[PDB]
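Take a look at this single chain, the form deposited in one PDB entry, given in structure tokens.
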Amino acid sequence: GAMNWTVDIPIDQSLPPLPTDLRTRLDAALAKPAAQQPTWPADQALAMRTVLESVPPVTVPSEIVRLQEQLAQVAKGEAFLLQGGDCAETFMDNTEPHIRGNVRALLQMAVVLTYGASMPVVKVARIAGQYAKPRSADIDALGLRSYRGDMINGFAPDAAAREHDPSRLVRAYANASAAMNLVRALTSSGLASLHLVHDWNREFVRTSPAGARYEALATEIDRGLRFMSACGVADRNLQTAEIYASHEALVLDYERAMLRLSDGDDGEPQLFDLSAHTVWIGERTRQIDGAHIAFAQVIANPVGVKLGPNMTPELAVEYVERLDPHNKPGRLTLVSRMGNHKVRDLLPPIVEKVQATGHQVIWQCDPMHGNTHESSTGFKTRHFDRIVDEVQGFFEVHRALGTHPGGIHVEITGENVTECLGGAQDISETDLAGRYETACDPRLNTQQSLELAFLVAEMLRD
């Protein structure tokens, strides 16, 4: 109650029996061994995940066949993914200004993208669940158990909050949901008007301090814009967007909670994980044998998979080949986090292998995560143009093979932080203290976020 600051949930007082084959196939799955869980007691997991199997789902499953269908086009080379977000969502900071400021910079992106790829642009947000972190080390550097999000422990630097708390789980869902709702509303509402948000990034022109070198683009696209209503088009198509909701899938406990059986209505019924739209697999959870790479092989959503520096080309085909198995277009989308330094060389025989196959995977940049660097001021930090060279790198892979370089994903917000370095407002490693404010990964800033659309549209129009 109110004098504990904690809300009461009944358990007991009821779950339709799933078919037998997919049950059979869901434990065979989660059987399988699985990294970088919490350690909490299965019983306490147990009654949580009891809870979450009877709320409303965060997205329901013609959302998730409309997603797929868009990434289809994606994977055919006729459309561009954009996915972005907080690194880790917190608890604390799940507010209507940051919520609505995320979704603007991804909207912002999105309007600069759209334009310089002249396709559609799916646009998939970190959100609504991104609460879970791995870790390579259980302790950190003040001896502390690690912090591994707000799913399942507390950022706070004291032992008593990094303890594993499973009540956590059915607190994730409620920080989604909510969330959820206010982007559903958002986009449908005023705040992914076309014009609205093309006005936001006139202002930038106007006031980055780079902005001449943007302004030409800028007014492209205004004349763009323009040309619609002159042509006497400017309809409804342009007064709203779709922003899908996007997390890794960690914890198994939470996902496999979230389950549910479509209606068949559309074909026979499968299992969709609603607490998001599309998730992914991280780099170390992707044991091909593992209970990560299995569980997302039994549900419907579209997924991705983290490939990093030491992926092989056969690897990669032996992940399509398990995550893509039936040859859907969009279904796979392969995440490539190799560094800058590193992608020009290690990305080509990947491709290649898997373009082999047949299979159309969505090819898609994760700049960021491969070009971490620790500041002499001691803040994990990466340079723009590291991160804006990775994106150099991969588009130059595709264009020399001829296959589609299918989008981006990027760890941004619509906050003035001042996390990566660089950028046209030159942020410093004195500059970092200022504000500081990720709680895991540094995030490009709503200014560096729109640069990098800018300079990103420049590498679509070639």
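Take the two forms, superpose them, and find the largest set of C-alpha atoms that agree within 1.5 Å; that set is the rigid core. Numbering follows the first chain given and starts at 1. Compared with the form deposited in another entry:
- Only one of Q287, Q297, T95, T240 has its C-alpha shifted by 2 Å or more between the two forms once the core is superposed, and that residue is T240.
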Given for the second form:
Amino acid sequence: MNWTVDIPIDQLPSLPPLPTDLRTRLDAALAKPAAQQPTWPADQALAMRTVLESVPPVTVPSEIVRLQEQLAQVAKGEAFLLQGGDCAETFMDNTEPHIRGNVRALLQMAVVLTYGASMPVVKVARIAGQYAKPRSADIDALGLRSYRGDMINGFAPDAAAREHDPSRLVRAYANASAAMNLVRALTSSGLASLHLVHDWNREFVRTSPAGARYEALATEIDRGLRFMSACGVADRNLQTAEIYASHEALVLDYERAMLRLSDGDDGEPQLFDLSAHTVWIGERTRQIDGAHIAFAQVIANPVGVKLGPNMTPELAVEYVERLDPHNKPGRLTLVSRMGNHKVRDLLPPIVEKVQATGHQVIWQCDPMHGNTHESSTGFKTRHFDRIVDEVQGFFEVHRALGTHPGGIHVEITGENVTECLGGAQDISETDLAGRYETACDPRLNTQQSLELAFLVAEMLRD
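What about the form deposited in another entry, after the form deposited in one PDB entry?
Partners and other molecules have been left off, which leaves just the chain.
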């Protein structure tokens, strides 16, 4: 009568434990205080962690070392990073059509951005694990315990669903592994075929109210593709498209149980977080002496740190020295989210000070999380013009300083939602009640995200 099915888990034999030396390092790191963690009992968390220690990984080390090399190129100014997907993934919407939509939107943006940048685009999805979020307050407008993502509790507004349930750590892995199996399948079959992808852009150009504005660039791209074909370059020549998985490393019970030690065939064994390919640390959990930063020191994965308007140049240097102690280009990404009214003033000093350290970080724009406001109709929202403008300001800072505008980080979807105001749709406050489906922040819908890619490409062409 709860409309729910229960899946038993047996406490099955664990694989040989992690080596004692790394466990000691790891235990030292997680002794530090950890903001934003779930409040579930510890014996129960341990039981779920023991299950996760034994499951097949979501990613494998060799894919992560591959990503590291591709991101190294981004840091050196010869590549561009595209990172995008849902603000919050839900288990109920973790379906083939939704997954296919988001993959498709990301591929569409990537080809437009590749042409604009005239250099390779690394495609990183917010997918297969983006199931946890922080909150500012512990009581929401409905008087309930806050929703903190499907890894922690349920979205539905009732007390039973909002209690912190550690079994969701395993339900999270099941959904993540299944989502990733599908991403891998899609990217290695027709969906990622270049000539198929631009034909979607041709449907966008015909059915956009501002399609006449983007016709020139769309046509230009189409002729670049036919040029390749005409020069005797076929699909299988290009090779399969690669879409990496990422999420905010927020719930340490999950991330630590997904840790694995590498083969040692490559050379030296090391701890990888195999819940994803890359992870980032959020604005509310980046305490310099906190457990999240310390966790990121111990793992080999490429990492990111969100930098909001309170950031100082000095604190940014500390992040560079702690998270890139061996000076590996593209190991650390700094993700500026300042707001379009503040980025032109606040970012330059941070960039200058970090460049002076001699490290090579990736400068990445998040034009979303600095530009959120509430509408008069009641829906939390963002304006497309303000999103565009911060990317514009981001690029101007780098063009002025002679540094690399290394990528973008956006919240998008392949669904035709009504969540962000503006775009060629020119969506209104009234329109938001039509299809407002996000479980957290508002996303660019399929048309808007494409429109944004076209605009960021023109910024790459200047």
